[PDB]
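Visitor: What follows is the residue order along each chain.
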Amino acid sequence: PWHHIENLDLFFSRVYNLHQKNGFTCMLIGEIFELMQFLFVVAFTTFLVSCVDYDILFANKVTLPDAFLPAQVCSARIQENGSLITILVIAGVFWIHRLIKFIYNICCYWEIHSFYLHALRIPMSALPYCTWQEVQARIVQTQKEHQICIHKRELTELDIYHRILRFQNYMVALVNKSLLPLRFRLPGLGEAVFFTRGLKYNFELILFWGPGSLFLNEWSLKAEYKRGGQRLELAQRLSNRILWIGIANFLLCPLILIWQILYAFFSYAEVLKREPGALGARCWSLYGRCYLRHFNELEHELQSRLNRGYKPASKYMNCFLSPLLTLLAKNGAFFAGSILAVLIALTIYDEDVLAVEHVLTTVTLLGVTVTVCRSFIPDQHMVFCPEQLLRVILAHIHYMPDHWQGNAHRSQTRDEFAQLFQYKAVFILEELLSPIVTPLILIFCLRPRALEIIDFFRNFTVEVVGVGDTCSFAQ
Amino acid sequence: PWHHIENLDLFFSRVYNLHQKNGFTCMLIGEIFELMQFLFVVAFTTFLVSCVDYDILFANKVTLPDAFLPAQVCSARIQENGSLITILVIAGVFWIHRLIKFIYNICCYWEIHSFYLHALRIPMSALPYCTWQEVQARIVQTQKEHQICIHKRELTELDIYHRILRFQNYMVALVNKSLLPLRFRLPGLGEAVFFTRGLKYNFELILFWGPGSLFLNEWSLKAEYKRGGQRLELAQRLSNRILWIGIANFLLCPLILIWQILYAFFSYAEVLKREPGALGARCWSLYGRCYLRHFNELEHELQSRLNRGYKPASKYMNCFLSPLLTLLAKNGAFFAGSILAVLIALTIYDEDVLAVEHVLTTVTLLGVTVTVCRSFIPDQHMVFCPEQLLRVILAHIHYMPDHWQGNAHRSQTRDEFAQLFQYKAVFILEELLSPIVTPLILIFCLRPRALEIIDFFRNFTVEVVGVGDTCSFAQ
Amino acid sequence: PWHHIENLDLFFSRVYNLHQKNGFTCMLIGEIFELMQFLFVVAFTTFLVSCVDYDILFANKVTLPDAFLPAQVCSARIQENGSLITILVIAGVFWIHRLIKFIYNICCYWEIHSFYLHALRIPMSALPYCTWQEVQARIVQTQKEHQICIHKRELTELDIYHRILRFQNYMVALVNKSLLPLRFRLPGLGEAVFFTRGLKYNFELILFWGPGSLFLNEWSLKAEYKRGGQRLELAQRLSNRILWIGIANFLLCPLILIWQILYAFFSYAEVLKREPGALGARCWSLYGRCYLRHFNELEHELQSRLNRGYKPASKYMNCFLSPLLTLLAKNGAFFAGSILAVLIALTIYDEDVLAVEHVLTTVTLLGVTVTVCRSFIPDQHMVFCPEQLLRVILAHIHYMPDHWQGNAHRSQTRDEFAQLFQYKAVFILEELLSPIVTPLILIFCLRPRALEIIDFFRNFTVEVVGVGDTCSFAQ
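Chains as they are written, first to last, in the authors' numbering: chain A, 36 to 95, 109 to 523; chain B, 36 to 95, 109 to 523; chain C, 36 to 95, 109 to 523.
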């Protein structure tokens, strides 16, 4: 609750994060769980690779620990692996860096916790329900009695928004004005959109937070980028910077692939064995979280809009079905149900046609076939592909391509609403492919745009008196 | 798209059908599947009857083809069956007639496909979503460039409706004015309605398309039927025509009965073994598809109205109270749950409840009793809308009996609202009974009405300038 | 159908009750069942205690009637119990009083039947179905022919409402103006509300129907209560009356506690046995039925409003959930699904991973763990605005505290919206506690309010020309 002591963007961001992860205790536990998941993936994997004797486990009454090798031997068997030891050393260095960041992260969050309790007066018990609007009302009312900020200017409730969302408004405006290569023309497919978690991380590491970024303070743009002249040397410097960051990505490719290959397999293989159709459900597409997002919109407001409008969008995506597939389903159901009805009447009649060594199995198969076809056979209604279903999905999100409103029922509309709707299997595939795809897009497709990026940041960056250097659109 | 290359109706109907079966390819496949279903039913049945050695299959490790007899013997075993060979010859003649009609139909449908692509400019890809609306308005614009009709004003298409629906408006007006015997007074039941697929086929074969029908052209009524005189000789001729068509039906009775047998088996017996309650769901009743029809209404508009209004109608069939029972359920649940609670508290206390000769059986029977009663006990706070149910169903249908609106809750209303919405099982039964019932209704109940049918077709048949001879009501 | 034979209330109320219990035959049967439930509870209550030899039943093949003792001995064993014989004599006297009231009631309900059939012309078959408005539309039109009572007033169309609901409007206005102690401040809990069936019965027995009540006729207030003077002696007399009625309650406490014990114990426990979560569902309360009730509102209109608005209220009560647990669920699901995915991949790979010392149990326990966690994981995309919903509950219930509309999401709102909506189990507990709690509230908390009760009944009691003495608010 101190008198404007440390850079603001961070203080406010931390305050917001503490409100989101409902309370200090919850947040601390969440971070600890995040650290234990990494360590568990890595240690479980290195235990499966190195310590388990699969041959004895498989064939050659056996108790579970009959497989495992004693530690006095596991250490030697894992140590005589140069590749494994190297991956483990890099993994442990990343881990130690994350644990050290966590330490302070909590040493700096105890300060926000005391801020809440003593200056805002919202106990951690009343915080999951304290709500954002009131807190906003609390912080802005607190600004007076207790000194905070320069005091040159009193808070105005949009300052806090700019502080929390400075770099995110920049991402919104970058993606909105078609910088930042996302569209690609793949052979054998339409124009794909490839925007992942790692790619946006790299874009922010290149532009916003790094050793030689565009920003020096986290609230002020470096002095040269405001100058009209020397734009070409700045463009060359940015191009070289992004070249070398792309090369670091290309060199780290195997390790992130491993983790990506690994964590992912673990994450959904359970779900696959349970309900293989959970991966057929659709999610709201990182490109699409950035496209449908307003300028000064905190994460919880975007997500509230995005799930208020989720079931209309699933009703839309499921409303168009192939007639042909429908006809094939109907007739395959007829022929399979006919052969099965005959075989069922026989097994009912005598019961020794049952479990024909061949028949029983087919009966099931044929049963699987009839069930699949009946699932593909449409049932009555839901065929609208309506202007109206779109007319509600839009009412939620509020943005649509302008060539969508008329032809809501075509393959052009579905195909590029498809890109926003993101069925998950692809997400998981698209997050797997990002280790190997992000360096080459970063080296080839973005380096030509560096001279346009420089002109964006020079042209669209306003200095607002209290907040510093913010995007020009987010005003 | 040759100008006046044909009478308007056999062209417009085909165009409409091509829009419905979404595209030429789809339609072709659908027809092929329709031809393969007939051939499969007949060949599978004759294989089951004639080639399989059931004794070895049942009792006397055995592979499946150990049952089947070699073809060199199947041919002789199926050939030495006069009844089977005769049924197969009649079946093959009907099949060959259907295959020849199919070849002629696709040779005539390639012309409609070229019509679409070249004169309407709707590719087969944009046709499942082109929409009827698009083409119906569009052709009317084509009427200028690619001319049709020797002397044609741009098609209002109001007329075009007339072309597609000439004979169907006649059926609607026949059933609407209570010609065409449908109501019957069966002993042991109320007034049944018996209107099937075969019966309406026979009515149309008698009245509209045949060797000596009422119509000579498909768009013009024969010249004598417009004359007021000679009505009695025309009535006698129509009566003799329908007598002999009924006798042809009576002679073909065994074959159509056999057909309705096997197709259903395969079609339904599978569904019975899977979900015996799927046949308890209700369907919209061929009488009822003709009763709830609306002026000049293409099939897809009727079906859209009919399924928009399907779930309200199931909630209605579902809704009525049976109140006195409710009380019996409540109080039987009380007394049974009381005795069971005592016996349960005892078996929990000591666990030596058993050895009583009937105890355990008493607990099980009492549990069944409580569960049945609780199923009959209405759920509290379950809303009831008799007025609404007999209101929203009408809003979707738009036609109502004048004695339904007041007493929505009586057995008179349910009993005759049932016929319109009758359940699938009585549908399958009523389609089974039509081979044996259609000839006798056709001979006995319709031949007395021939003099009224003649007066209908003389009185209600207007000559509209562009379309020809249409029903007088459908104007 | 005669003229003014009985008090209008004693006629109109009966007419309304006959419409509610749909018909005379129903009403009778319901009353008979009500009489048989009392006698059945008391019977075994006494057969289980007195005639059954539990020792032989438990331990010392045995048929059920091997336990029971012969009647020649049951009579002596139940007769040599002074406490049991005394409870049975009091129970039999209450029963005989109820049976005599039942005979008198059906002898008076036949008259009413005849009223329906002959003067209203609504047969008992068309009654469950008559609908309320129609009777209203029938009785008021009948007032001309079979003249109604005095016939002083033609039907008011409100008069019937006042007649049926005279004392209930008084209860509504008493509870509405915070007479009638309901709120209590218990230690260890918030302000509890204790309003039961027995408490409201006692309030009505004290105020409305008794030997020395406020009312002498059932439609006229005693003459002294209209006088401004002598208010203090009337207050003292009312205080003494309620003191002695409270003392009668305190003396009858053991018997009502037992009966409350017996009648309740039997019913609910079995249900809990079946589904222990049925008692976690919530019901509207005697209170809350009196708080949310309009003035001249018949019981069926209140209950229609109350169940139209029941599911919104359950959605509200279930909306608040722990942030912390969620996190535990998510991460336990991760770790369990990870170990299970590994073990599943192994059992798929070789199939002999199974049959290992812990193999056929770890997979099952881990599957249960993942399923439990996934049930605790909230559905992502799940939209709950607690604040928004209360709006629909209000649209149905129609009454609310002012300080709810803003803070719909707080514990203050839930805590006192809890009182209106409390779950069954506290209902059954609160009906159990009323025998022992009603006398002390009646003696201590209401006797101080007697001088305010007298001033209420003097100030708010209007004489309306046709109906007599009605509450002043219910106008």
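The hints are simulated quantities; they were obtained by calculation from the structure and are not laboratory data.
One should not assume that every hint holds.
Under the rule of at most 20 Å between Cα atoms (straight-line distance), these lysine to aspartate or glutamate pairs were calculated in the DMTMM-like manner [claimed, not checked]: (1) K225(C) - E345(C); (2) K109(B) - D427(A); (3) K378(A) - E323(B); (4) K472(B) - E323(A); (5) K359(C) - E323(B); (6) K378(C) - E323(A); (7) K321(A) - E345(C); (8) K149(A) - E159(A); (9) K109(A) - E345(C).
Visitor: Are the hints correct? Go through all of them and say.
Guide: Verification of the hints:
1. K225(C) - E345(C): holds, 18 Å
2. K109(B) - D427(A): At roughly 43 Å apart (the allowed maximum being 20 Å), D427(A) and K109(B) break the hint.
3. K378(A) - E323(B): holds, 17 Å
4. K472(B) - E323(A): violated, 33 Å
5. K359(C) - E323(B): violated, 31 Å
6. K378(C) - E323(A): holds, 17 Å
7. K321(A) - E345(C): violated, 58 Å
8. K149(A) - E159(A): holds, 16 Å
9. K109(A) - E345(C): The given pair, whose Cα atoms are some 76 Å apart, is violated under the 20 Å limit.
Violated hints, in rising order: 2, 4, 5, 7, 9; the structure is consistent with all others.
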